[PDB]
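Below sits a lone chain in structure tokens, taken as the form deposited in one PDB entry.
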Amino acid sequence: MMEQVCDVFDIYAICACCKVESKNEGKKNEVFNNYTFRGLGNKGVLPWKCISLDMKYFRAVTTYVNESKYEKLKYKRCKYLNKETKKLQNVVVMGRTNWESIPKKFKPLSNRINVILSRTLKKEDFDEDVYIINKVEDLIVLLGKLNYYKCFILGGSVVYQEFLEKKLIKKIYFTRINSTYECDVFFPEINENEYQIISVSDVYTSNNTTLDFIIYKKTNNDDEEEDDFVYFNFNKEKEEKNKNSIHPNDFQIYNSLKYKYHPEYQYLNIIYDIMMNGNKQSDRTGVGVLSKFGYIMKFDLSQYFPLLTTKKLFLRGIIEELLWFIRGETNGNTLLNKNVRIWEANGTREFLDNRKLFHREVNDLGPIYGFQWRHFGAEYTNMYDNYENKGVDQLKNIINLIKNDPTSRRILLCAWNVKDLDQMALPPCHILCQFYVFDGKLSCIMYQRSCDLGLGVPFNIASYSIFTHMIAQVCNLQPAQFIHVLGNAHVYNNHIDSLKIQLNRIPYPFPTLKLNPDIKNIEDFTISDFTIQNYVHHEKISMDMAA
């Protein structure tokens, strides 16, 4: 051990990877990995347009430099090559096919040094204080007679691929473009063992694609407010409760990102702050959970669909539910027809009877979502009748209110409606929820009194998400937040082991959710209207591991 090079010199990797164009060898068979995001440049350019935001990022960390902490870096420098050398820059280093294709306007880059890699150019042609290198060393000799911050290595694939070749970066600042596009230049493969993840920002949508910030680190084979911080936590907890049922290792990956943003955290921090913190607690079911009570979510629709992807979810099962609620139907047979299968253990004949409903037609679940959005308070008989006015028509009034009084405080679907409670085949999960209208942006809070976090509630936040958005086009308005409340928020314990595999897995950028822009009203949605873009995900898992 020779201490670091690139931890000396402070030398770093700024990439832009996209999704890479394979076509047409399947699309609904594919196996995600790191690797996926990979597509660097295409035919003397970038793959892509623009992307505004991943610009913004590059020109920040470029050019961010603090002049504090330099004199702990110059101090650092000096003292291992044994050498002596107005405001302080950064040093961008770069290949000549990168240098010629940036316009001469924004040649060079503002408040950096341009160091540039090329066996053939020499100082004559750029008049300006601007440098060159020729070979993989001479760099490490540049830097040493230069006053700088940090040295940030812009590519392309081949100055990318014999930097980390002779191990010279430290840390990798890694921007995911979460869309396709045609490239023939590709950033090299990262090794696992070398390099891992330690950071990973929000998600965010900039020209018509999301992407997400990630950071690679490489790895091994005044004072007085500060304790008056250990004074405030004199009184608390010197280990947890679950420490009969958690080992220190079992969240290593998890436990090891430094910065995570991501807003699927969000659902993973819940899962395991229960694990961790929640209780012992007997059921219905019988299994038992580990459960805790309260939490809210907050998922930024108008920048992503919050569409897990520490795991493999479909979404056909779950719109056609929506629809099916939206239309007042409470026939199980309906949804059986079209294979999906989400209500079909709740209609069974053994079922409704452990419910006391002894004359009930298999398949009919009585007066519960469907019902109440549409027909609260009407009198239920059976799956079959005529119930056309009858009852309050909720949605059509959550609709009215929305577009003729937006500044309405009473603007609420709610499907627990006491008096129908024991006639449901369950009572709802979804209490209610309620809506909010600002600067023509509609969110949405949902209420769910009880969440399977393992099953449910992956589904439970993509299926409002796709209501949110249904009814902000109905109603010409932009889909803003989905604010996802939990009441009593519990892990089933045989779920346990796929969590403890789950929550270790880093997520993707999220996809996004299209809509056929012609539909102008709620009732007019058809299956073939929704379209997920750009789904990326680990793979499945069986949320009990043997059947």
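Definition used throughout: the rigid core is the maximal C-alpha set that superposes within 1.5 Å between two forms. Residue numbers count along the first chain shown, from 1. What changes on going to the form deposited in another entry:
Fit the rigid core and compare the CA positions between these two forms: of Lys258, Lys167, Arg316, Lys241, just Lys241 moves by 2 angstroms or more. Comparing the forms between these two forms, the C-alpha position of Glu128 differs by 2 angstroms or more, with the core used for superposition.
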Contents of the next structure:
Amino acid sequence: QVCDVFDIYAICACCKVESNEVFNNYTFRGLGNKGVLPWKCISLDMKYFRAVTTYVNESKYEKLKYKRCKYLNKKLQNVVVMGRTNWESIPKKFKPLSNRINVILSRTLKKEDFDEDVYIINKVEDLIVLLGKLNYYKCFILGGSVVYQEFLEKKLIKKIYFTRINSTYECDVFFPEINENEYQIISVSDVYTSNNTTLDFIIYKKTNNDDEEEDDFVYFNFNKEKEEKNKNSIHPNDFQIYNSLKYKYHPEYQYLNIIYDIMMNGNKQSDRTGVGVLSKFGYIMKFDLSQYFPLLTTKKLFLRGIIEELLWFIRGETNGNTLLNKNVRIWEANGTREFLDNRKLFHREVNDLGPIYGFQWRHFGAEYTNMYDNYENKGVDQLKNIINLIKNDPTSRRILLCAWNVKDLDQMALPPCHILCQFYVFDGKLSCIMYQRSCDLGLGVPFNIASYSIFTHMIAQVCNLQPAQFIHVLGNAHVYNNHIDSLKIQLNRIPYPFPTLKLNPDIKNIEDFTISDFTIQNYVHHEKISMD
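Next block, the form deposited in another entry, ref. the form deposited in one PDB entry:
Partners and other molecules have been left off, which leaves just the chain.
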């Protein structure tokens, strides 16, 4: 087909347009405004644009030339193709585009109307003629909307390098609705921040609808048991989309790939109640908090409850009623008469959760009495101490906050799942490890990622640091049997660019945050999944 021989790709960038919100991939569709771009600079998009439209590989040229010659019977650079208004949006000092063979479609304008060193063509068949005559690597359609429309309805695009700008702007022109039958996404990049917006890079593909060391690889894999056994009784063919992607570089896939790993390779166990899980042991996930807030996109997540849990912890509280009166039910089941009695806490009042996270963070080692006691200057204020070590001894390898008080375990409603946070400071940035002994991949983890990411931002702010990495170590990583079906749905979804977290900048002590100091901007997500 014409676009496979001449290697004609589209590259574009689309913001969200000003229209319980439904999100699909038509969410990213805004192209330009009043004949320019809807944003000022997004330098990372330019850097990427520059990299795709200028990259050439001379070794691959020999096969492209042959291929092209065969379909015709018979310093290397790429061609870029522009609508006239696209071309007129470009600052003069940057035209023609350096190190690229510039082509401009126009009727109003002819060869004579240009000083530059550009090919002017009347019409699309004129690009195909030209490409049969030029030595060039790849041909990229640079827009705008009219050029994009005509190139897709002529089935002349092999791939779309589509940048998702995860902010909203005023737009007067739009990228056409991509037909899912015609194009599927095969690759999704890492998520970055540039110019106060997150973005990622996705690739749509035209649909179906020394090399002795090649061999040493196979010799060296001689003992591998699983040769399509169905190790666990989940069917790869149900993860069609998940498996069809080639480059899964969105950080959400750090979480998604562990659910794949647990499902394909998990050990079958009957846990605390008889419920049943697949389980694995030891994983690490790293999220770049300077580039995004890793709220999972492949299902809807509300953070009001877990933000109010984090503030409850920081205040040192163990009173389950405080959450209940803010309509947060996170701890309700763990405070019942029955639940407490079955934990042999017969002398513990309903919703008095005992010496849990808050108590240990502000008072580790004090004798716990009841949820209403004044524990001032009793036991160790770990939280205060770790803020003090970040500020005054940032290179310490001893900045840990530990919830696992061995003496108090049996007196807690339940022993903590988030065992400990360690902190690390280099060059004015704060990174955090949280070690989780016990990890519900379907229900718990996605919230836990959020709690500790928010907490790291908070500790960074009050210490006058920027956040860097939030690092999540999973000990006992389990998927409950009755989550599996929901999880196979979620895995076949393709993540959206992460949102961002904004903390009220004025809060300077860790104690001084409230619910209104927390804003999640630009949360684009698939619909909610009931995991059960």
